[PDB]
Amino acid sequence: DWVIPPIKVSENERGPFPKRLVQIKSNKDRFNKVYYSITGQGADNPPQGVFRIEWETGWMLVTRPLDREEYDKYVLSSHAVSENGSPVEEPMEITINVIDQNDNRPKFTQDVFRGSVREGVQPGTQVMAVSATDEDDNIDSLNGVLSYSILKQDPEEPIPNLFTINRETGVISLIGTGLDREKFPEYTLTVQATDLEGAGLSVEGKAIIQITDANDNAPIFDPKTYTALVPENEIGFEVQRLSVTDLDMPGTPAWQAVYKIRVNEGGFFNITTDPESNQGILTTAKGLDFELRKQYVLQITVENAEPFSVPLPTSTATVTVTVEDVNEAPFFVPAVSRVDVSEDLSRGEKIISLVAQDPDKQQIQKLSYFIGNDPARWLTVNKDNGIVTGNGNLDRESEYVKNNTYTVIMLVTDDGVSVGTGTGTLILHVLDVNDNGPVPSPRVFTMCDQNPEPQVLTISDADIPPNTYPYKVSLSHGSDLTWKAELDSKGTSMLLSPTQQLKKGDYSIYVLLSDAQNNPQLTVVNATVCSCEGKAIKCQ
Amino acid sequence: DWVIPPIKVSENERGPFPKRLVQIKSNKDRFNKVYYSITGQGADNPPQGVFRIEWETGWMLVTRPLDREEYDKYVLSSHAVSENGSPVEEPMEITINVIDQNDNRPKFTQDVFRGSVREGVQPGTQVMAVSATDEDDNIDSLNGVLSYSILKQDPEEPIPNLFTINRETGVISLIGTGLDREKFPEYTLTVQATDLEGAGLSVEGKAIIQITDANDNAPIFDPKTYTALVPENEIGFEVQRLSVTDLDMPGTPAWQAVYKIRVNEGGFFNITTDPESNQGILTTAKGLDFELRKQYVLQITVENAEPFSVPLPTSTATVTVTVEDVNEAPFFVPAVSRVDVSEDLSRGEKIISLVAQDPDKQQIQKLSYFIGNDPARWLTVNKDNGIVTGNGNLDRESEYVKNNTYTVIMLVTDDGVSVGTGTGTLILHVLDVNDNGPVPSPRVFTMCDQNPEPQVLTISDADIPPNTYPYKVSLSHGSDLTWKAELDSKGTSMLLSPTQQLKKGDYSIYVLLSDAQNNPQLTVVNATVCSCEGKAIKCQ
Amino acid sequence: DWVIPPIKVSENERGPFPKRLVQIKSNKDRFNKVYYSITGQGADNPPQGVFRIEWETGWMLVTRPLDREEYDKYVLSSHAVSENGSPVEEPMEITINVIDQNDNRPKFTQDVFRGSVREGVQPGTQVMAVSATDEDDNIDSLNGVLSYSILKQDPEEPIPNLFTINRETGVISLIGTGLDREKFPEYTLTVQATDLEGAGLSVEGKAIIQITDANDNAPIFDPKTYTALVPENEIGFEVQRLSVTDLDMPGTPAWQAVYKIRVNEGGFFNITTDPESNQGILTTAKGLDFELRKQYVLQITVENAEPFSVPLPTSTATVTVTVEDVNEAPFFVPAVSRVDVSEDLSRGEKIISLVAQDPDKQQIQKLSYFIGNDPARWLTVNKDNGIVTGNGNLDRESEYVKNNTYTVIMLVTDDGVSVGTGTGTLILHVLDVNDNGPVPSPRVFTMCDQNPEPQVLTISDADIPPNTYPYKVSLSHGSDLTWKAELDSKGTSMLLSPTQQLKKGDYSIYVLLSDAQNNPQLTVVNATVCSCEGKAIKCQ
Ligand SMILES: *[C@@H]1O[C@H](CO)[C@@H](O)[C@H](O)[C@H]1NC(C)=O
Ligand SMILES: *[C@@H]1O[C@H](CO)[C@@H](O)[C@H](O)[C@H]1NC(C)=O
Ligand SMILES: *[C@@H]1O[C@H](CO)[C@@H](O)[C@H](O)[C@H]1NC(C)=O
Ligand SMILES: *[C@@H]1O[C@H](CO)[C@@H](O)[C@H](O)[C@H]1NC(C)=O
Ligand SMILES: *[C@@H]1O[C@H](CO)[C@@H](O)[C@H](O)[C@H]1NC(C)=O
Ligand SMILES: *[C@@H]1O[C@H](CO)[C@@H](O)[C@H](O)[C@H]1NC(C)=O
Ligand SMILES: *[C@@H]1O[C@H](CO)[C@@H](O)[C@H](O)[C@H]1NC(C)=O
Ligand SMILES: *[C@@H]1O[C@H](CO)[C@@H](O)[C@H](O)[C@H]1NC(C)=O
Ligand SMILES: *[C@@H]1O[C@H](CO)[C@@H](O)[C@H](O)[C@H]1NC(C)=O
Ligand SMILES: *[C@@H]1O[C@H](CO)[C@@H](O)[C@H](O)[C@H]1NC(C)=O
Ligand SMILES: *[C@@H]1O[C@H](CO)[C@@H](O)[C@H](O)[C@H]1NC(C)=O
Ligand SMILES: *[C@@H]1O[C@H](CO)[C@@H](O)[C@H](O)[C@H]1NC(C)=O
Ligand SMILES: *[C@@H]1O[C@H](CO)[C@@H](O)[C@H](O)[C@H]1NC(C)=O
Ligand SMILES: *[C@@H]1O[C@H](CO)[C@@H](O)[C@H](O)[C@H]1NC(C)=O
Ligand SMILES: *[C@@H]1O[C@H](CO)[C@@H](O)[C@H](O)[C@H]1NC(C)=O
Ligand SMILES: *[C@@H]1O[C@H](CO)[C@@H](O)[C@H](O)[C@H]1NC(C)=O
Ligand SMILES: *[C@@H]1O[C@H](CO)[C@@H](O)[C@H](O)[C@H]1NC(C)=O
Ligand SMILES: *[C@@H]1O[C@H](CO)[C@@H](O)[C@H](O)[C@H]1NC(C)=O
Ligand SMILES: *[C@@H]1O[C@H](CO)[C@@H](O)[C@H](O)[C@H]1NC(C)=O
Ligand SMILES: *[C@@H]1O[C@H](CO)[C@@H](O)[C@H](O)[C@H]1NC(C)=O
Ligand SMILES: *[C@@H]1O[C@H](CO)[C@@H](O)[C@H](O)[C@H]1NC(C)=O
Ligand SMILES: *[C@H]1O[C@H](CO)[C@@H](O)[C@H](O)[C@H]1NC(C)=O
Ligand SMILES: *[C@H]1O[C@H](CO)[C@@H](O)[C@H](O)[C@H]1NC(C)=O
Ligand SMILES: *[C@H]1O[C@H](CO)[C@@H](O)[C@H](O)[C@H]1NC(C)=O
Ligand SMILES: *[C@H]1O[C@H](CO)[C@@H](O)[C@H](O)[C@H]1NC(C)=O
Ligand SMILES: *[C@H]1O[C@H](CO)[C@@H](O)[C@H](O)[C@H]1NC(C)=O
Ligand SMILES: *[C@H]1O[C@H](CO)[C@@H](O)[C@H](O)[C@H]1NC(C)=O
Ligand SMILES: *[C@H]1O[C@H](CO)[C@@H](O)[C@H](O)[C@H]1NC(C)=O
Ligand SMILES: *[C@H]1O[C@H](CO)[C@@H](O)[C@H](O)[C@H]1NC(C)=O
Ligand SMILES: *[C@H]1O[C@H](CO)[C@@H](O)[C@H](O)[C@H]1NC(C)=O
Ligand SMILES: [Ca+2]
Ligand SMILES: [Ca+2]
Ligand SMILES: [Ca+2]
Ligand SMILES: [Ca+2]
Ligand SMILES: [Ca+2]
Ligand SMILES: [Ca+2]
Ligand SMILES: [Ca+2]
Ligand SMILES: [Ca+2]
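Protein chains in written order, with the entry's author numbering: chain C, 1 to 540; chain A, 1 to 540; chain B, 1 to 540.
Don't read these hints as lab results, they were simulated from the structure. Among the clues, some could well be false.
Identical copies look the same in the list; a pair holds intra-copy or inter-copy alike.
Stated by the list, open to error - Here are the computed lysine to any residue pairs in the SDA-like style, where the Cα-Cα straight-line distance is at most 20 Å:
hint, residue 1, residue 2
1, 28, 7
2, 535, 30
3, 107, 285
4, 33, 102
5, 535, 502
6, 28, 95
7, 504, 291
8, 73, 30
9, 8, 463
10, 28, 58
11, 472, 491
12, 28, 75
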């Protein structure tokens, strides 16, 4: 058909109501009276009564103002019946479009936006982002397009133009330079959005930016030069602690100190760090020792764990140390294999005039010499002059003496001012003299009767050679009660044989030898005889 | 075609709206999309929006509740066009019928109906008529048919069921008996009408009935026996008035009294009625008279103008009258032609001893007798004894006496106690005596000279016969100066003639007559003579 | 709805254009002016402008002629808008069907169809098949149904009604009889197809049929009787070749000849066939031989490889052969163990008068007898009379003679007219004569001195028994130089013993024996003696 165009109507209209929109006519009215009515939402349906028609003229009206924001369009159905009561025309659809008007102010997405950036970054860096909206049209008008802006950053210091915002997108960026968490950490700037691309109505928001941290700062010592005293030897011990103040953020690696000495003399120092006021705690690496050095001039520089965000001054601490003195024990010089001395020494004679030395050249402390180790008592010392003399009777020949030795240990004490011990061994070579003289091996025989065979006997000397070289056998009172002497060819033994057919048991034979001579006297080597033929038998 | 049935819908429907009625489909939809719309009253025409269709499904709906009472039917036209824009199917008529529901209470034609009936009527008599209506259907349901009834007549007295009403027609009739305007004249009864032949809903009205009047009552006298006094004679006059009280309606013929005496003695009484308290006003018909009766016992009954609507007691009034006395004039008995008396009566003699009578036997009142009528003075009366004597000289012979009469009238007066007159005539026969005597007719002649002829002369008597019978003529001194006497044969005249030739004029002749005798003397009848021959001539 | 029926329109319509089809009206025109338009293919869409409507009346028209063959149907959409500009009725679909008309001539599937069948088949046999089409309707009309037919087969010979075609299917079949590839191998017939079942329009095609082959023909010889000459013996050799002509198809088994002789005399003939003009090549099976037969009358029939498609005449070839002569070598009759002849024969005496025979009775050819084999020269032949005489000295006794034999072979030659050899052996029984006489075995002794034991000696004869029967020993000059003779009992040896004690070595003994007598003289059997006792010892 020839339909009927949609009807545009403005919003928030205002004048004298009613307002005729249009007029409709059924031509089938030649016959009876026609009754015009109309139906739909806004008509008889909810919102009832916005539009109504004059049953007799065919006029359509808007009865009151409208807000497209509420309902932006309506569709209606129109009718025409006869007085008799019958419909005449197939109904007719009707449309109305509600044209937008700038009745709406915009509104920010949130009531407050927050942001953060680091202090050391470069100009032209994107920080935050902000939103807002207008409910009016924005597809055929500007009643709903906004334009963003900024008008007041607080801390109007260092300067007041650190940022800008993209008018269309509302994004903010760092424009200037001079950000420092250490002086001004959080800005509060006021934003506004406007109707018709900055032309219409405006509103406010608030965005707040916190500033991350940077290693803008270096560490600073609170003393620059310290001093402490120290002892030579127990040690590995705490000398002095140090103080400092970095200014970036505390629990952070831009706040933790790292040290080191420049030069470690004997490399006898270690230094650690501590999460207190991360003071510098210095200590001794390997004890000290001395009388060698009293002075210690060393320097320690301090850094952070992480590198610096800028060239900065490295700052050292210069420190002086002094070693207190402890006084140590003295010592005999050697451990003496000294005196190759003979057995004939006169009880009270100079053996070893000895001396001991003591470390501490503070030496105005003497000591006393004491002896100590010990198989039995011979020797003697002058305690205030360390003089070892030889008292007593010695005898290389016999008991304690093991290999050609006699080892003895002695002491010495550090007095004068405190304490001390000195353990020193002393081996002294004893010597030989020909003391003893020759002696027979077996002392009792068992001779036989009829024809006894030679009674083997031998010789032994306690002395050391030559002193036991060859012999000379001799038979004293009974050199004839019949007894005849004899030597083995290979030196050592002697052959003892009677020369008479003598008696039934129990009787001695006086013996007498010599080796350089010395002559011993020996003696009786008794002789038990019991009935027989010729071989030395078990007796009775 | 295969059309589409009308759609019945209930009224005052109620549930969740919408409500699908039916669904339509164009089959010509194989080609494009079809758009369903619909038109008419209730559609796009006033009432707009009661029904609407889903352009894409083809469903028809009722959008809200309806009242058949407002619109009981709708007719609609349905359409289907293509997206391109062309119609596909010849439209389609659609009908909806709205089924009635009992939403309407009935209502009385008027707010109050009035009525009236007469008190004496019979049970089974139609009085009033009442109306009312219901607007719901009444041609397929009972939602609109009523049933009439009554539930409270006021004046629940004599009894409380004087009427009934026809449930279907609403007409009322008298059912009981005992209606009396005189005690309870106006009832007020409450009526009700109901839905579904007395089943549904009900309402009230009010009908008020006034009761016409009836001659239920008879008239009642307020005195039952009266008395009054009365006078004999002026009369036709008011004796006494009477009082009564009928009880029906005042200005009415059931309240106007009618009387009558039972027996009218001499028929000398009349009685009228009067629109005052319609008292009985009695009077005298024809004066009374008396000394004949003093008592009057008569009775008067009283009715109404119109007959009675019931047998009733007729009630009489018994009354007594007494006649006062007035005293009347006396009367001579007759009117007397009494005394044939002669002329010779002696002055002072009994003529008529008369008497008069007076009516009132209360008679202790005398009177006095006076005379009255009159030619001249003769007679006389004794006033305290009525005695007529005769004084004076009378004389039948002459003047007043006309025929043989003399009539006289006299009076008498009622004294003793008040007043009176009595006119009575009296004729008295006078009589004859022979008084006078004879006399000559002519007294002067004219005789002649030479030979005079007889001078005729005659005779006359004043008396009555026999007293004038025949004569005897006589001539006294001059019985001869010549004169000679003579009588006519037929008695009366006399012939006078000289006997000498005598002289010239002037001279008399002495005459003398008689009749019983009496003898008169008459006289001189002079005679004038003058010169002549013989005939009585005129003289000189 | 009340839609609107499709509109049938004829094709290739022709009269005055335009042509009103139908008129449409919107009734919603009571209000404004309505504008009628219409859309679709054939409307505003390609083919644009075939139909158009009068915006103000509502008439629809066809503007020009149509061909259903191009487009057989159209669908359109109609519209109606108001002057103000609004559509009034949902558009309306519109349809038009284009009714077919016989505007199309049919057409053959191919431009030429080919076919083939074999000559000997039976009437009522399906050969080819042909197609064609019409584009007009063929489902409600006959505008597209064809009827097939034939109207000219070429080679209107033998007869001109060899086939028919099924009018509905277009299939062709053999109806007549007389097909021969050999005379008329390929027919060319003209076909036609027609509209409305042979009623409408027609067209032509061409179908060509080739005729397969059949064994209608038998083989025919070109000579009927041949002749050839032949030789007796080298042989297995080609006698004569034969010619023939079958008429069916060449490279085919209905053209390959197969032979055979009827009777094979000694079964000495073979005959093969050859893919040349498949001539009959006859040969000799097993040489011939003769002088036995000169004539050969034999017959050979010829067939094809595959049987015949009809009874036919088998045709033989009758042939005559003649054997040329070759002349062979002669032969002695036997191989002779003939002459039991004695050693005493006189040099030049009849031994074996022999004869030889020669085959060829053409015998006017003689030969010459030559001898040949040979240990040495005795015998002799007359060459022109074959006479074996005996020249020479023979001697059964000794050298060549092995068992009692002497075998010799000789020859004979075929001359007179050509060549020849005859090898014949000849064994001749030689006989015994007593030639030689007895002789001693050892000829030299070794006798001893003191007492020599008998010198054993024996005897031997070269003759055959009785001729060597027993002996007679004799001692000639020295029958006493002392020597005494003796025979062994069992005949053969002789005991030689002295009778004197004679001398020291070197000396003979004259011996003399006999066997029939013959007497030999023998001789000296010398005797070497050397010093001794009695046993024949080794000497010196
Ligand atoms: C930003 O926020 C802080 C915290 O309240 C406030 O003190 C300051 O004034 C605001 N503006 C700037 C530029 O710091
Ligand atoms: C020396 O060392 C001491 C240690 O107690 C310290 O207090 C002082 O500051 C250092 N410097 C000097 C000059 O004494
Ligand atoms: C670190 O020490 C320096 C030296 O006096 C001082 O100026 C600074 O304030 C200290 N740091 C802090 C956080 O006080
Ligand atoms: C530390 O060493 C420096 C370097 O010589 C010296 O001046 C100072 O006296 C030493 N000790 C103290 C107490 O500073
Ligand atoms: C000597 O030295 C040895 C080795 O230690 C020791 O065992 C011994 O007791 C010391 N004295 C003597 C008398 O040997
Ligand atoms: C010296 O050392 C000795 C070791 O034998 C020890 O017993 C003693 O206590 C020390 N003397 C002093 C004075 O400290
Ligand atoms: C020295 O004396 C000390 C203290 O008893 C002891 O421990 C040590 O063994 C002794 N000997 C030496 C050689 O120092
Ligand atoms: C009827 O109407 C009268 C007048 O008001 C009223 O007094 C009376 O109570 C009513 N009912 C009857 C039965 O009289
Ligand atoms: C008598 O008549 C008089 C007239 O005045 C009246 O008042 C009275 O009621 C009557 N009856 C009697 C007994 O007096
Ligand atoms: C009429 O008179 C009688 C007699 O006393 C009385 O009972 C009645 O009430 C009177 N009528 C009227 C209306 O008073
Ligand atoms: C009326 O007449 C009656 C009848 O005799 C009598 O009783 C009465 O006294 C008369 N007068 C009066 C005053 O009632
Ligand atoms: C007599 O009576 C008559 C008749 O009425 C009257 O005219 C006359 O005057 C009376 N007297 C005399 C004397 O006649
Ligand atoms: C009597 O009647 C006479 C009539 O002649 C009249 O004049 C007079 O007044 C009456 N007398 C009395 C006393 O009433
Ligand atoms: C009686 O006297 C009266 C009073 O004057 C008078 O009227 C009447 O005529 C007189 N006559 C008679 C006859 O009563
Ligand atoms: C069939 O085709 C052959 C080959 O061209 C032609 O010669 C002949 O005339 C045609 N017709 C018949 C019946 O052979
Ligand atoms: C005979 O054989 C010869 C062979 O060369 C042949 O040519 C000939 O046709 C055959 N027939 C006769 C009758 O010669
Ligand atoms: C075969 O030989 C016969 C005999 O003459 C002849 O008629 C026929 O034509 C020959 N075949 C052919 C193909 O020439
Ligand atoms: C072939 O044999 C027949 C049969 O006898 C004979 O007639 C003929 O001569 C022979 N040879 C030839 C040359 O045909
Ligand atoms: C005899 O015949 C034999 C047998 O073949 C042969 O070996 C020999 O040479 C012939 N001649 C003689 C003399 O034996
Ligand atoms: C005959 O046969 C012999 C065989 O010994 C042969 O050497 C010779 O050549 C033949 N002779 C002839 C004439 O062919
Ligand atoms: C005959 O002579 C022929 C020709 O040399 C030879 O081959 C054959 O061996 C001879 N012998 C016989 C028995 O034929
Ligand atoms: C000082 O030395 C440190 C390392 O110990 C270095 O990191 C720092 O950058 C140096 N100072 C300067 C100004 O380069
Ligand atoms: C004493 O000192 C010596 C060093 O000469 C050492 O060898 C020995 O072990 C020490 N003996 C003791 C017990 O100290
Ligand atoms: C004695 O001397 C030997 C040789 O020097 C030495 O090795 C040994 O230790 C000493 N003492 C003993 C008990 O062997
Ligand atoms: C009494 O008399 C009257 C007429 O005077 C009459 O109408 C009435 O009915 C009578 N009373 C009775 C009870 O009949
Ligand atoms: C007097 O009374 C008489 C009755 O006798 C009457 O005829 C006459 O008229 C009366 N005259 C007068 C004047 O009353
Ligand atoms: C006298 O008498 C006559 C006769 O009775 C009478 O009729 C007449 O009235 C009287 N008087 C007169 C004047 O006639
Ligand atoms: C002649 O013989 C052949 C076979 O050699 C045979 O196939 C053919 O049918 C025969 N001829 C007739 C007429 O049967
Ligand atoms: C000769 O012929 C004979 C037949 O008797 C045969 O046995 C022999 O082999 C032949 N010898 C030779 C060499 O031909
Ligand atoms: C001789 O005769 C024997 C017996 O018949 C025969 O078998 C043999 O072959 C002949 N020759 C020889 C050498 O044996
Ligand atoms: Ca900073
Ligand atoms: Ca010693
Ligand atoms: Ca209702
Ligand atoms: Ca009453
Ligand atoms: Ca008188
Ligand atoms: Ca066609
Ligand atoms: Ca054929
Ligand atoms: Ca011989």
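Here is how each hint holds up against the structure:
Taking identical chains as interchangeable, the C-alpha atoms of residue 28 and residue 7 lie at most 20 Å apart only when they sit on different chains, with a minimum of 16 Å there against 25 Å within one chain. Within a single copy, residue 535 and residue 30 get their C-alpha atoms no closer than 193 Å, and across copies no closer than 157 Å, so neither meets the 20 Å cut-off. Taking the shortest Cα distances, residue 107 and residue 285 never come within 20 Å of each other, neither inside one copy (70 Å) nor across copies (120 Å). Neither within a single protomer nor between protomers do residue 33 and residue 102 lie at most 20 Å apart by alpha-carbon distance, with minima of 45 Å and 32 Å respectively.
For the identical chains of this complex, residue 535 and residue 502 are intra-copy neighbours only, at 16 Å inside a copy versus 112 Å across copies, given an alpha-carbon limit of 20 Å. In this assembly of identical chains, residue 28 and residue 95 lie within 20 Å of each other by CA distance solely across copies; the values are 12 Å between and 24 Å within a copy. Taking identical chains as interchangeable, the C-alpha atoms of residue 504 and residue 291 are never at most 20 Å apart, the minima being 89 Å within one chain and 155 Å between chains. Proximity of residue 73 to residue 30 under the C-alpha cut-off of 20 Å is restricted to the inter-copy arrangement: shortest distance 16 Å between copies versus 35 Å within a copy.
Within a single copy, residue 8 and residue 463 get their C-alpha atoms no closer than 153 Å, and across copies no closer than 163 Å, so neither meets the 20 Å cut-off. Taking the shortest alpha-carbon separations for residue 28 and residue 58, both the intra-copy value of 14 Å and the inter-copy value of 16 Å come in at or below 20 Å. With identical chains, the CA atoms of residue 472 and residue 491 are at most 20 Å apart within one copy only, with a shortest distance of 11 Å there and 131 Å across copies. For a Cα distance limit of 20 Å, the shortest separation of residue 28 from residue 75 across copies, 13 Å, qualifies, whereas the shortest one inside one copy, 25 Å, does not.
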